[PDB]
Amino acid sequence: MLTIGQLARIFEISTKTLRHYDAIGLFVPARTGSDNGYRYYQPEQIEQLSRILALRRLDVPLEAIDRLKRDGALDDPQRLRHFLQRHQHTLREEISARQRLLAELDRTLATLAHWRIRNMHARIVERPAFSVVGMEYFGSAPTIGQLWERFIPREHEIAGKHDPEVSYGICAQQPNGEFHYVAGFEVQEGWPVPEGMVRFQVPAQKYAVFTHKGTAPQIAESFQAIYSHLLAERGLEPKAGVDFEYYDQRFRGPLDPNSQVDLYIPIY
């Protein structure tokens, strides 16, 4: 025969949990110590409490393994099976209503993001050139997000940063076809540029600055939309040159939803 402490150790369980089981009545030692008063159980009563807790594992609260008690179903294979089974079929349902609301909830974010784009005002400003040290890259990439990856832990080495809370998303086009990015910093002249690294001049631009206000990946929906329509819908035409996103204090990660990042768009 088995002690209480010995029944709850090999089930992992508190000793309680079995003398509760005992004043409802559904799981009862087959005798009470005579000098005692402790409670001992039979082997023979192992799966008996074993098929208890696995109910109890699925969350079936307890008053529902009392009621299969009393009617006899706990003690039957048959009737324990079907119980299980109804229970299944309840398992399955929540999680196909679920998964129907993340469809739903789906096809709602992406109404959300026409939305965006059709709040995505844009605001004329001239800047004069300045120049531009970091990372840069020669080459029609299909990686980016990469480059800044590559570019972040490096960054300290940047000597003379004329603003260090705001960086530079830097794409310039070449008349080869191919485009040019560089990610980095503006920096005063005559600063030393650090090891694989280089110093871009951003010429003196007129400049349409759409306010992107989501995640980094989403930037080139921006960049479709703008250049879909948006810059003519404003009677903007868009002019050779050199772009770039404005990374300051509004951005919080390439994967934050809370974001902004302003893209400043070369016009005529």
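Residue numbers count along the first chain shown, from 1. Throughout, rigid core stands for the largest set of C-alpha atoms superposing within 1.5 Å between the two forms. Compared with the form deposited in another entry:
- Comparing C-alpha positions between the two forms after a rigid core fit, one residue in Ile95, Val125, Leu105, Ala159 moves 2 angstroms or more. It is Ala159.
- Core-superposed comparison between the two forms: the Cα of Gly72 travels 2 Å or more.
- In a rigid-core overlay of the protein, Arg9 has its C-alpha displaced by at least 2 Å between the two forms.
- When two forms of a protein are overlaid on their rigid core, residues whose CA moves 2 Å or more are considered shifted, and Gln205 is not one of them between the two forms.
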Given for the second form:
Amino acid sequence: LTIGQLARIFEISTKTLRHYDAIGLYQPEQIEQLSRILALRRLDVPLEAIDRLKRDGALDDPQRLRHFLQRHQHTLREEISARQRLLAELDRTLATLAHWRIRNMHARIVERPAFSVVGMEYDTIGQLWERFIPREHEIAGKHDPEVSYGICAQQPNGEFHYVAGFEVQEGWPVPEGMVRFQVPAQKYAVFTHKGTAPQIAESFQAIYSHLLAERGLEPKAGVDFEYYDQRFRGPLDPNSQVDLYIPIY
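Now show me the form deposited in another entry; what you just gave was the form deposited in one PDB entry.
The following holds one chain only.
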């Protein structure tokens, strides 16, 4: 077979072989050497080793190589084993994160009067976010358009409720499918959450378990909401930071 065509498949290179000359390195047995090699190019063996692997021995001896390429498998799975126990280490090292996460989450006491939000009202609370943010600038009378609230009122049933909306001047028309919620005048303990939305809840568990009791604050069955703003870049980006406004006495 000629030199130009003996470049089988599928990505060359031709001098691939001319390379494979120098002091080293259509016969039918002048292939299985290449066949074995080609993967090989799946183990990444230097060539100089792949010369040592010439006739001293061996030429072919698929005999040896069956134990050889699983002796490796022994090495390469020990490589996988070492990096997995490194990974298992990691998953535990990423626990010291959560509880330093929280011990630094300080509370600031904020009193804010009654204001009026307009937005969409509630299976999930994320969805509304999926559904609402094409309807952003459909609302006029904005104080600050960057901030948005995730209102949650405690009904005497008791069962959920949430509204994704914006603080707006009261007196403007509300679009179809939206609702006007009037947040009353409350005074809040504000926690800065630094994480994603599903682990906002595990911050809520830290609040109502001890983080309020270490500063002597008592929780209040009022209107909880989370303060979104410019320091917010995604619900599952583990770098967003929100403020959780939690009512107190």
